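Below, each chain spelled out in residue letters.
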Amino acid sequence: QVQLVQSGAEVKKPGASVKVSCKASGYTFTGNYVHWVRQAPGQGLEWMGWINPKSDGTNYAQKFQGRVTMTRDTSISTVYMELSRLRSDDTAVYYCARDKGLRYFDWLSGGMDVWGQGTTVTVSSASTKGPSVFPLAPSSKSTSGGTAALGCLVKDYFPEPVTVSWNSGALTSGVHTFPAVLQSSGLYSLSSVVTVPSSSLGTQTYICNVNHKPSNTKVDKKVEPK
Amino acid sequence: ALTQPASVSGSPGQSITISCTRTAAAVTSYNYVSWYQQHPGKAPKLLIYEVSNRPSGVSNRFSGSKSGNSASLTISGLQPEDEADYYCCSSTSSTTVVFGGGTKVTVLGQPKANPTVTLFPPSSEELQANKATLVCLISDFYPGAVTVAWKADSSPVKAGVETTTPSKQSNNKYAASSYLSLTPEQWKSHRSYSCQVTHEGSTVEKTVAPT
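Quick mapping for you: the protein sequence lines, in order, are chains C and B.
Quick note: the first sequence uses the working numbering, first residue 1, plus one each step.
Quick note: the second sequence uses the working numbering, first residue 227, plus one each step.
Hints in this document: simulated from the structure, not taken from any laboratory.
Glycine residues also receive a C-beta, built at the ideal position from the N, C-alpha and C atoms.
Certain hints may be false.
Taking CB as the label site, the calculated pair distances span [to be verified]:
| hint | chain 1 | residue 1 | chain 2 | residue 2 | range |
| --- | --- | --- | --- | --- | --- |
| 1 | C | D220 | B | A251 | 26 to 32 Å |
| 2 | C | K226 | B | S415 | 31 to 37 Å |
| 3 | B | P382 | C | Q65 | 51 to 57 Å |
| 4 | C | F105 | B | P281 | 49 to 55 Å |
| 5 | C | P41 | B | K384 | 53 to 59 Å |
| 6 | B | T249 | C | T217 | 42 to 48 Å |
| 7 | B | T249 | C | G8 | 36 to 42 Å |
| 8 | B | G267 | C | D220 | 37 to 43 Å |
| 9 | C | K226 | B | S282 | 48 to 54 Å |
| 10 | B | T254 | C | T30 | 56 to 62 Å |
Put together the whole structure using the sequences plus the hints.
Below you can see the structure in the form of structure tokens.
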């Protein structure tokens, strides 16, 4: 299975540079062009450029010429995009995406078949702050129709994103992680709630696994009735 | 620069078309067109390549065409899961790529859905940290607009409130959250607090209490 796996999210100060990596697996690296495509919050896709790992050739969008480079390390099947002199409006999710190749020419097509998971880059002078995590216990007040709602509050972090899994990813049914609020303080908070059978509460444990990669911090919290 | 309409809509079972057009204040030889579908919170998915071809596993309800300086995607038999953003993309003779601005597809006719409201009081651990947050989670509503009002006992409280925009859920309904910040003293000094959600002229209100 062809896959692209990117490096983690981070905040960078205005004027700094960011270098995002994209590791390819499941195919021979040199057989396909790889593009970088970014998406600012709530906006559309924007092509940045491509690299051909076989030849080391590249092309870049006019907007970024002189400020971006793309490179590759074949020994570790990895491509990189480095964007310098960062602007606030460089804040975006950066994707790498493989070109499927034209059917009838050994050449790029702009048809991008396999996408990395994205890297959220926030350009801000504000410093990284990891979240505090608190349990949101089930109760008769969060119970209705045979199900109970329980969750985790992920409080006062910066920048986005945070991920939340439940029971190390084994539990996905009835999980709803809500988009974060950007508070007046400039910090984010979010909540993740899992809705489960009320009859399960006496025999099933529930643990939320919170990851804030920008601060390289993960917190697991048990959520039990109080 | 490739222009797409911001929004296109149709009723279930109908066909709709999304355009992708060169602005003509330019001059660039566009060649191979591809189309992408992007659902909220997910990476784009290739639906069409080389103008008209579908990757394996892509529904035959999607078809692609091109004429001169415009290309189009037609979605037939419109289904609820087709609500998403769609992007065209074209390579050029210069080996650059250009995306269109994106189009959001709406499936008309979806019925009103009342919000589910879940209100959590402050956790023991947060109170031990000398803070208190009430968490009001609002889900499964349609159409996607609510307003939120908080009460201490029966009195409105406007300070310390942070409320999100509505967000599109994977089931095509909408979600939002609202947070009320209190001191432990405030939380304990009242008989209860309430989160009142107004949706399409009707309210759902939940109450929690320290006692």
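Lying within 53 to 59 Å: is that true of the beta-carbon distance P41(C) to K384(B)? violated (27 Å)
Could you see if the CB distance from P382(B) to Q65(C) stays within 51 to 57 Å? Holds, since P382(B) and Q65(C) (Cβ atoms, about 55 Å apart) stay within the stated range.
Just tell me: holds or violated, for the beta carbon distance of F105(C) and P281(B) against 49 to 55 Å? violated (18 Å)
Regarding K226(C) and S282(B), is the given constraint of 48 to 54 Å on their beta-carbon distance met? holds (51 Å)
A range of 36 to 42 Å was offered for this pair. Does it hold for the Cβ distance of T249(B) and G8(C)? Cβ of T249(B) to Cβ of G8(C): about 37 Å, so the range 36 to 42 Å holds.
Against the range 31 to 37 Å, how does the distance between the Cβ atoms of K226(C) and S415(B) compare: consistent or not? 21 Å Cβ-Cβ, so the 31 to 37 Å window is violated.
Cβ separation of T254(B) and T30(C), checked against the hinted range 56 to 62 Å: violated (29 Å)
A range of 26 to 32 Å was offered for this pair. Does it hold for the Cβ distance of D220(C) and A251(B)? Hint violated: Cβ distance 55 Å, outside 26 to 32 Å.
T249(B) paired with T217(C), Cβ distance criterion 42 to 48 Å: Given about 46 Å between the Cβ atoms, the range holds.
With 37 to 43 Å as the target window, see if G267(B) and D220(C) comply at their CB atoms. Check failed, 23 Å falls outside 37 to 43 Å.
Checked against the numbered hints listed earlier, the structure breaks hints 1, 2, 4, 5, 8 and 10; every other hint is satisfied.
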